[PDB]
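In the block that follows, a single chain appears as structure tokens, in the form solved without the DNA.
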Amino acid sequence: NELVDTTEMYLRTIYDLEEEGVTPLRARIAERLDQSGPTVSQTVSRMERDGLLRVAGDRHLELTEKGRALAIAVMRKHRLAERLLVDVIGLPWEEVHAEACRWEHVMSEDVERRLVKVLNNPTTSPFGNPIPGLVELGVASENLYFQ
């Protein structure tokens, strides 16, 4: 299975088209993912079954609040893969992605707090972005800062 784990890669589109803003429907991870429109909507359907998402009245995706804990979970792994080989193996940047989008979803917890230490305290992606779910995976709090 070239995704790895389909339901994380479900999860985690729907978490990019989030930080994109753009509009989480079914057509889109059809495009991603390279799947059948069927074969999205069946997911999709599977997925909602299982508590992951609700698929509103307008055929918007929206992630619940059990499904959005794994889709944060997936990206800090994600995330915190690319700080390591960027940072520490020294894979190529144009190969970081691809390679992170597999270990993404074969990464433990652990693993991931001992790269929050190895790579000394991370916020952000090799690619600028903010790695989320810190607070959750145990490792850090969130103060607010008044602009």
Contents of the next structure:
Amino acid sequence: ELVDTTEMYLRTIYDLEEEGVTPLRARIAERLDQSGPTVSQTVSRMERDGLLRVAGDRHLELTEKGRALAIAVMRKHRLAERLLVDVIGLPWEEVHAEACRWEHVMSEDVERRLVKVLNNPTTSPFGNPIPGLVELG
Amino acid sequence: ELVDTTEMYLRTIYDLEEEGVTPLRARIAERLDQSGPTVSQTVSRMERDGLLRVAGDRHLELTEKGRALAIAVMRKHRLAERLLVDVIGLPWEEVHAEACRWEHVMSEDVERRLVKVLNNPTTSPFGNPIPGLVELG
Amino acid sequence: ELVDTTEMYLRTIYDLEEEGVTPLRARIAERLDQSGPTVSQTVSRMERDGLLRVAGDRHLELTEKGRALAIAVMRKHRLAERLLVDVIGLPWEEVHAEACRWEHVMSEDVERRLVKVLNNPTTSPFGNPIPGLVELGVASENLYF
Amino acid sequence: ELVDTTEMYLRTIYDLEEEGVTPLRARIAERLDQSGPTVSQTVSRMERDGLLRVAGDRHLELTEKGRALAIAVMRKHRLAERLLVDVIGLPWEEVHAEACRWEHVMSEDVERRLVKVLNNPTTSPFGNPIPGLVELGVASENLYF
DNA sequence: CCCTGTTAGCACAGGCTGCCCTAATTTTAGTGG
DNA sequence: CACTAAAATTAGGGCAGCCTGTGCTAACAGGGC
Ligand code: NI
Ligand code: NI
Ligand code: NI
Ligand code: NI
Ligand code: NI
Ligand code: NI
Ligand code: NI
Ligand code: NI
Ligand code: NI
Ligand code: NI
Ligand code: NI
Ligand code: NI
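And the form solved in complex with the DNA, for comparison with the form solved without the DNA?
Complete assembly follows, chain above in first position.
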């Protein structure tokens, strides 16, 4: 359903920072409609796997490793949204729902093909900036 | 890694019908590169859920329900292939692999849009036909 | 350590009714020594599961189902208490605490058999009446004037 | 359901030593009707708490600490079995089941009273030896050749 | 040997509920001003 | 009302202990070049 739990967690956190709200496990429990214990356990794993940390104040902070992955996903997300509006012609309202699944399967090759095809876009079809276009190459 | 195990088993069984090769479990192990025990388990799970059934000769055959579903995943896989070649301009030797993943996240909404935008396609860029177009709408 | 939280909440509520005190989430807090937030949360599950209802004036009331269980656990508890004292010879100061755990594991089969071997007791050795002997299936009520 | 998971695991492994059957997580899954992943996760927990170790060949081996506790539970189990047969008269088919729950709530105080009241039983009504009475402190090991 | 499969025993990811906590805050009830 | 003590909630956790899906090797079974 999430298609890829880990990435959804990484991207959910990114969203939170973007939204200005403090990233805590409760914020994720709500947004992904999953039990409290599920988020703790999924986050533990991501911690175990050097993707993030739970600070002393229980703040969620991404590691360099994790922030790299998170960016990659948001980048695909927003490239997806673009592709869906400019080219495919999917109605405004459903573009996000669709991209939420696509972000998890697009390769970086297609990403780079989209940059060309879509005319060096720098923003989602909503004003939202596209992260890490530089590292994409 | 398959993204969707079930759907991949379905499309694989479909491919085997298309190619006219005898549909055995050993056949799914080779292509999906899993172990005999692994594919037997998963198959009997799909049997449990009424997607397929093992005959007397151990022939895996799709149910009514299971056939429909497969057609739909093949429809996606190949429309994805069209889009990746005709529009995105992804190199040829990589379009399948990419669409192997995209097939599992595409919405029918996106499918109907592809039909229009791709100018009523009937085949993947590789040649093979695209099924389920009528069922689509 | 409670062994069964739910049965203990019910039995607690029943002790309180026996004793005369109004049954509030806050009494359970003090009896079972648990945090307020915990006691409210546990009570929601029991409300969810149809064991009790929290009334408009915050009173805790047992449902037919809840009351049934309450008695069945009390009955188990004072039977165990009889056994331990009259048969097993455990020192008094431990027999309640023991019964507090045994109450959560004893079946109705054992209970019935206990009634016969203890020569039809009607009270725990502390004197407190054994409830639910009728619904258990081993006695009928016959009034004396 | 099991009343206390850990103790049931310990006791089940101890059971498997008695019958001389190889102590694998798979056995536990079967006997307690639980999924493999459940027992695996729970066994890690008990490893982590010094109750047992998982050998290189996956054999489950009780640590001294886990063993003491397991004997202590097995002892309660069978003491309770004697009590249910000799004294209470619970039907045979229901006795182990009842004991399977009693084993988890009986104090050692009760175990010692039961040794007296049951005239120093050495065996459960099923024929199986009651282990750990020396540790209980009611007897002394003396060897016969 | 090979092909194809089963049976027995694992791995880990990724879901869940029950039941316990502090802290901080808020709400409900009654005394007294 | 005002003010407070008891009562309860909000907010964010903890840990134990359940589950199914989907992946693996080993060991073997039986049919066959
Ligand atoms: Ni911080
Ligand atoms: Ni979006
Ligand atoms: Ni997503
Ligand atoms: Ni056939
Ligand atoms: Ni293809
Ligand atoms: Ni695929
Ligand atoms: Ni009332
Ligand atoms: Ni008592
Ligand atoms: Ni109790
Ligand atoms: Ni060994
Ligand atoms: Ni037994
Ligand atoms: Ni037990």
